[PDB]
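Asker: As a plain string of letters, each chain reads:
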Amino acid sequence: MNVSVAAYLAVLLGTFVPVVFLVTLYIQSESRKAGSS
Amino acid sequence: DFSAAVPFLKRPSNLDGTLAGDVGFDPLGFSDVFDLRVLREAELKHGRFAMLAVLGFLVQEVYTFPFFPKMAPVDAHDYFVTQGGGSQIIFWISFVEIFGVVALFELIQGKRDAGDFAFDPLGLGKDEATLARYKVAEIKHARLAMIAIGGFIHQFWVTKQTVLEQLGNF
Amino acid sequence: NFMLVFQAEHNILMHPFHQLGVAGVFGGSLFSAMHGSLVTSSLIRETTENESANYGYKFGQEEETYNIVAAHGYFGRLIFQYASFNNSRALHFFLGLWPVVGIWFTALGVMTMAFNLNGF
Amino acid sequence: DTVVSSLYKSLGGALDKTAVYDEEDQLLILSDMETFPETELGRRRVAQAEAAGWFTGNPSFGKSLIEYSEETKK
Amino acid sequence: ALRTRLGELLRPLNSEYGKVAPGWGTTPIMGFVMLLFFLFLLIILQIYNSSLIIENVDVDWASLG
Amino acid sequence: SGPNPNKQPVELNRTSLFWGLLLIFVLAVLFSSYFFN
Amino acid sequence: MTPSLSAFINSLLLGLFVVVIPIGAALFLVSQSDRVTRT
Amino acid sequence: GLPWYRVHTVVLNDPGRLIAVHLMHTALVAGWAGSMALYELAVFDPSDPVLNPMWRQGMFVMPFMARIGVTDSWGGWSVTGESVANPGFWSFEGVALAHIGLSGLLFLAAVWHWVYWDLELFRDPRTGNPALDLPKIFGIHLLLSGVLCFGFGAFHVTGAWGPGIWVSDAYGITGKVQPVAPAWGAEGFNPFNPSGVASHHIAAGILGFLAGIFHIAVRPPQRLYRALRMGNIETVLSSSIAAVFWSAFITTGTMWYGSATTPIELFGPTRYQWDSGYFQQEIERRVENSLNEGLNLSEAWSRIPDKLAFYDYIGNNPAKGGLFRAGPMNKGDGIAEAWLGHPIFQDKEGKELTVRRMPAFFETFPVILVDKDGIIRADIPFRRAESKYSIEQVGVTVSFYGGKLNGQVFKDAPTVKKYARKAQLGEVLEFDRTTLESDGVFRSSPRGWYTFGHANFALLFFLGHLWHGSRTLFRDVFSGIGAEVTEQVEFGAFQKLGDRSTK
Amino acid sequence: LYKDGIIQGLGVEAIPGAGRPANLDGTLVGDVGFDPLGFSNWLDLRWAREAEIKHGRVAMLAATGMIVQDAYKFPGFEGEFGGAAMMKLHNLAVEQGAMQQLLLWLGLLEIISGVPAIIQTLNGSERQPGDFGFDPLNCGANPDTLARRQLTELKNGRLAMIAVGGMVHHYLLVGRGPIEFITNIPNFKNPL
Ligand code: CLA
Ligand code: CLA
Ligand code: CLA
Ligand SMILES: CC1=C(C#C/C(C)=C/C=C/C(C)=C/C=C/C=C(C)/C=C/C=C(\C)C#CC2=C(C)C[C@@H](O)CC2(C)C)C(C)(C)C[C@H](O)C1
Ligand SMILES: CC1=C(C#C/C(C)=C/C=C/C(C)=C/C=C/C=C(C)/C=C/C=C(C)/C=C/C2=C(C)CCCC2(C)C)C(C)(C)C[C@H](O)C1
Ligand SMILES: CC1=C(C#C/C(C)=C/C=C/C(C)=C/C=C/C=C(C)/C=C/C=C(C)/C=C/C2=C(C)CCCC2(C)C)C(C)(C)C[C@H](O)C1
Ligand SMILES: CC1=CCCC(C)(C)[C@H]1/C=C/C(C)=C/C=C/C(C)=C/C=C/C=C(C)/C=C/C=C(C)/C=C/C1=C(C)CCCC1(C)C
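Residue numbers (the working numbering), protein chains in the order written: chain A, 1 to 37; chain B, 38 to 207; chain C, 208 to 327; chain D, 328 to 401; chain E, 402 to 466; chain F, 467 to 503; chain G, 504 to 542; chain H, 543 to 1045; chain I, 1046 to 1237.
Next up, chain A with everything else stripped away, as it sits in the complex:
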């Protein structure tokens, strides 16, 4: 299969960057909830 090579970077980083963004937004929020108590 003559597939593209930057498509690996495209798929992997376009999955990674939003995923880490969501994980950071969740962890930040939880930390803040724990710190409030």
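Just so you know, the hints here were simulated from the structure itself, not pulled from any lab data.
Cross-link-like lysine-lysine pairs, in silico, DSSO-like; alpha carbons within 27 Å at most:
no., chain 1, residue 1, chain 2, residue 2
1, D, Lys401, F, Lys473
2, D, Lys336, B, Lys82
3, H, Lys893, H, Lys930
4, B, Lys148, B, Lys82
5, F, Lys473, D, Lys400
6, A, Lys33, D, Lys401
Chain A is fixed; fit chains B, C, D, E, F, G, H and I with the ligands onto it per the hints.
Answerer: Only chains B, C, D, E, F, G, H and I with the ligands this time, still in chain A's reference frame:
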């Protein structure tokens, strides 16, 4: 109540009648929208330009200076925009008009009369009565020359005949 | 591939049961969007400006989270009064009915074109 | 009145002069939250739910950061 | 809170928040110019659409030269 | 110029975390077969 | 003036006198006749 | 707290921080412009402008530099094909570096405005709260826009104090940056008249300038102030998104259909030049008047420039690419090397057959050789059995005229079929498929990609305009509805909807 | 009002049995009480009569115009236009510019005299509608002569507008100019 110049129209308010040649003629009513002194200065300046232009139009036709070539008045502008003189004249007019700007700023604050520059080099109209008659004569002749310069030039365009020529042969 | 071969051999698009299924799914989307829009539009104010409106509803609460009267009146003015479902239970029965009946009909249409009773 | 006066270039906008200051605060979200009285049936139902244990194990559920934070500070 | 030279220079340009002319103001001429601009947009749209063929206006690549 | 009164916290509850992770992973699944070509 | 330009100007005139002006006049008359109370 | 989709609303009522975020966005956009220019220059091949122009190499942002003056490089080459001896600073490289520097400066300004936010400029003297006098700020911005528009029209585009703009002939063969005099009158509204650009940018600019003087001077009416929520900045956001998607649709249309502001040698031809045979007709009339001058087919076709023959080719069509066929146009068919000439198809007797051309709609089109009147004469059959119009039965020969394959008369059926397949795609060319490892599937030119992107952005920004107009007009009920709604929404309670003075 | 209650005025009624319009009282001249389609309610009788009077004036000039232009073409104008009459003349005149100069000068009169006077009357000026001041011969000084005169200017002018129309319409239908049209009265033996 009603302007003598335009009887069906009402008298324009700011045109009380003090200024020379004021016959209550302001149908569109610019005086109501802008300072009358600025408009009077513009009138006098344009009209003085036009009086000089009307005289020079004929004086050039009868007599063009020998050091310069003979061109009908309108054909000359294009000549001297290259000869060099055109620049000199328009240059000096700008120089005087900078002090004209300063005088206009005085006019806005009311420290100077409209169309007044104390030019009585030879004390012609030094009489109060005469200066009035002269002020009336000046504004009329200016208002006439505004029409005359436009006619002269526009006639050359539609008919290649310096006014003196055209009048001679219609 | 199965779609294209089915259309080639049976003309499912012209078969009226598939058209009922298309009506079912399109109407399901229409009524889903409409019902969600009207419930979200008439949410009772229970939330501050720096807070998501969804937190105005507490799980297991007894009171309604939105004004049925406001949504009903808005939809009545939108089309005409008689069209609106003033009853909520009838509304939700209709919501459950339209797509279920549409998909029943299109499933039955495929079942009948299995035995080669084709579209028009 | 005149043509130029009619447009009232001089009078600010043709109809515009002496402008007032608008009072309404256009960037203002209403905040009149409504209180719903607790019925007797509601008290019975929450009593059963608390006996079963529905009010424990996740005290922050259904609450925003700000709401739960202000609650935890009482 | 902070006062600066440019802030002082530009303060008159941000000192009339909420100042409104009373009544309808200039809305009639606003609507008239709206009508005129609508007509202009319609004219140019129909020109390129070639529903409004104007003499000496050849809407084509060949008009370039 | 001192503390900003417009500072606000930001949150992402766990349900929203799972929704976002699911959206990103499914978009990756859908568009990977088109990026590789 | 090309035929297309004449057609365009005529279309504007008929849009005025067949759609805009009739609807506006009807709205004005009906709004002035059937008036709300206690406004 | 503030959910992830409301996070940028904290800066709604903080004008200094709003200027900061606008500055950061501007910095990022300028940095993108510079970086894209640098990458394009890194991957650009300026050797061959006639068979490997900018638009064949996937050059998206460089044509916009070349459109309004920047046609030279510090490396001693020009997009027009000439060799530059003494390039100025404002080359492609200089423009890129200037954009990067502006990005850095805008970033620093964003940092300063983010830190120093509490300025007295943003605080209302009457109330002391942070505020923006949006109607007057608009007048100031409209003054600036009018001044810039008039300056661009009067100095840059006319070349009085600028380079001018890109102007080209009818067929994209001889194009260059040059001044354009303003076309006052109806001819300025021809979209394919470049002069109409100057006439626009002067006149419109003047009106914009005058409009600025109005909006700084004249306060809004109270009626429009309360109706449009002029004290709410989200009104400005909604109206700006509205105007922005309007402009996006207009630019999309002028890109796809073409105009004087989208030259073909900067963005490739349009689909409609292929559909109408725009270049085929020109080549045909050129060779026809050459034949009328006494020349023969070989000489007549040899006078056709390679660039014009290159335009008459379906691979250059923007309507042949694909959504996920990514990269330069050279990544598809290949890098064009040479033109093999016109393949006249002399049938067995000597009649001139012609291969029917592929329409853009069809991914694969049958090879049929229609007659002069067009009855099908020969074709490449799918089913060979019981074949009537096979080239074997009819008998066809390919005589090449012009190009590198000039004066060659192939008369075997196989070699006739091979060039019938090529003639199906318009003019026949030689391609290098090894430099970029091309895969033989057509791509879209920058014209098509611009059209795609900006059409989608225009639709999405229509959605955004709807959303923000809804928000600014429904600010009071943002968090939800109160108890007042129940009384007014009853049928017949009030004579007029909403108003409660009625009944 | 000349013969108020006799030829003009309240008592009179163009369509008797039908009430005098609500806004058509006595003062306006030429009020026989005829506003069948009730424009009076929606329109400013001021603008109304500015128009009626103006029209009737341009219509009289125009009617006489056509009638004279068919007896005595000024020779120079005649030679340039080659005997063209009515519409065709307008087409050729618009070429020699005759009609272009006329447009410029009448429009200049309007922008100088007509428009500002309209703004004033419609807002309190005592310059009653159509009352530009034009009495060079001061033909009427009597408060009486002048009423008869205003009524006659309105009415002679209405015949004017009806007839300009007829002359033009007849000219389109049949070739002849108005002096020509009465002669060859059937006018259908040759469209001309
Ligand atoms: C004499 C002076 C002068 C001259 C010569 C021109 C010349 C021009 N103007 Mg104009 N213009 C002038 C003065 C002048 N202008 C002034 C004083 C102003 C006021 C500031 C304007 C304002 C103005 C605007 C706002 C526009 C022009 C445009 C144009 C161009 C028209 C040809 C073209 O390519 O249209 C191509 C564009 C059109 C024909 C406009 C299409 C309009 C429709 C209604 C858009 C519909 C969009 C809608 C959302 C789509 C929905 C459906 C879709 C999704 C399927 C041309 C360069 C147009 C332009 O920029 O073109 C590139 C344009 O849009 N001018
Ligand atoms: C609207 C603006 C625009 C336009 C019209 C173009 C046009 C072009 N660019 Mg691009 N480009 C842009 C913006 C734009 N660019 C930006 C902002 C960047 C910076 C990142 C680049 C960076 C860039 C590079 C580095 C290159 C190009 C190149 C090209 C050319 C080929 C396009 C292509 O193959 O697309 C292919 C597009 C796709 C395969 C996807 C399109 C379909 C949609 C949008 C996908 C959406 C997926 C969605 C987000 C979900 C993902 C989920 C995730 C979890 C995986 C063409 C001339 C090439 C060229 O020839 O350069 C010389 C090239 O090498 N561009
Ligand atoms: C320049 C135009 C513009 C501006 C200034 C704003 C500004 C705003 N919008 Mg947005 N909006 C726009 C266009 C714009 N919008 C458009 C075109 C749409 C239609 C899709 C929307 C739809 C929209 C909605 C539905 C909502 C907003 C909201 C908001 C507010 C908060 C958004 C936020 O914090 O996002 C934070 C965003 C993120 C943390 C991540 C977003 C990632 C995106 C989806 C993908 C990657 C984008 C990429 C990097 C860059 C795009 C390039 C560009 C050329 C398109 C804010 C006032 C919210 C609001 O009103 O709150 C009160 C809200 O709910 N907007
Ligand atoms: C009532 C009224 C109004 C009005 C009005 C109306 C309808 C007014 C109509 C006015 C008319 C009909 C005016 C005609 C003027 C003709 C002139 C000056 C001819 C010039 C000829 C020349 C120079 C010549 C020539 C020649 C040349 C050069 C070349 C030769 O080979 C030929 C030739 C010899 C022919 C308005 C609308 C304002 C409203 C207002 O409320 C009052
Ligand atoms: C272009 C150009 C050049 C130039 C130039 C120059 C010097 C141009 C100058 C043009 C001028 C001065 C034109 C004046 C026009 C006046 C008009 C129409 C007045 C009408 C008044 C009327 C009808 C009055 C009416 C009236 C009123 C209101 C009140 C009283 C009654 C009535 C009399 C009826 C060059 C030669 C330098 C060459 C260069 O390459 C470019
Ligand atoms: C110059 C030019 C052209 C032109 C032109 C021109 C000059 C056109 C002029 C057109 C005019 C003046 C039309 C008038 C029509 C009047 C009508 C129908 C009146 C009916 C009245 C009735 C029924 C009254 C009835 C009544 C009567 C009797 C008794 C009392 C009750 C009452 C209801 C009042 C073109 C178009 C050819 C183009 C060319 O290139 C250039
Ligand atoms: C994900 C996705 C969605 C839709 C579109 C698309 C498919 C293309 C894709 C991509 C989208 C987007 C928005 C991509 C945009 C990329 C951007 C904005 C990249 C940014 C580039 C900016 C750069 C280098 C800036 C360089 C700046 C530098 C050195 C500054 C340095 C300096 C500083 C800081 C101080 C002064 C001195 C100096 C040296 C100038």
